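So this first bit is one chain, no partners, the form deposited without 3-methyl-1,2-dihydroquinolin-2-one, shown in structure tokens.
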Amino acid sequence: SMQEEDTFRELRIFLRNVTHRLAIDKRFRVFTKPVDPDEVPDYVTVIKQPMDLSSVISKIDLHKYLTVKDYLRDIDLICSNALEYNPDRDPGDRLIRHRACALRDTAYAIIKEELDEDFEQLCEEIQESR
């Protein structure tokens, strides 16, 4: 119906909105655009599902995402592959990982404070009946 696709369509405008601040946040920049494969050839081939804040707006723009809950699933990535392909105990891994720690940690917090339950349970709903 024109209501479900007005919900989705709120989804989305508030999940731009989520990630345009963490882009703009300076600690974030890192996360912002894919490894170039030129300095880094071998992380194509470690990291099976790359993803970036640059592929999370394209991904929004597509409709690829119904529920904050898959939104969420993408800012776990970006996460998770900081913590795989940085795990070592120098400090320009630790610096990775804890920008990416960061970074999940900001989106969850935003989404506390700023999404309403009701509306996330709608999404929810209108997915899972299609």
Second form
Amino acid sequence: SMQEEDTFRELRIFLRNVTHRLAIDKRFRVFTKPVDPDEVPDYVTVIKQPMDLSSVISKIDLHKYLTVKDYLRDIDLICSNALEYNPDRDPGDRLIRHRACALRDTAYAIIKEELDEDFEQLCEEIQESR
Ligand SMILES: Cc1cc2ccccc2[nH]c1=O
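Could the form solved in complex with 3-methyl-1,2-dihydroquinolin-2-one be given as well, to go with the form deposited without 3-methyl-1,2-dihydroquinolin-2-one?
After this comes the whole thing, all chains and molecules, with the earlier chain placed first.
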């Protein structure tokens, strides 16, 4: 229905706003664009499902997220990819892991404060009906 289309539109607006706030944070610059194959040639072979905040924005716009739960799976993917690809004890790896965890925690904290649980429940029930 039109009311359900309005619901998903509000969802997309909410998700774009959260994603923009993550993307403008200096700590998360490394997660804003896909990894350059020339800079890191073995990334595509190690990480089977690359994800980044520009890709998340594209997915929002392609109507790929019908719930905030599905959005958070891609945020979690950004984080887990970073922890997997940069597992070493050296400062470079520890910095990126710390930032990855901060991205995840920040996304979840914004959602905890600003997502109405009944709005999410409506989205899930529309999704489940389709
Ligand atoms: C996302 C990402 C980027 C990167 C760039 C250079 C070296 C290592 C890297 N690891 C990453 O996880």
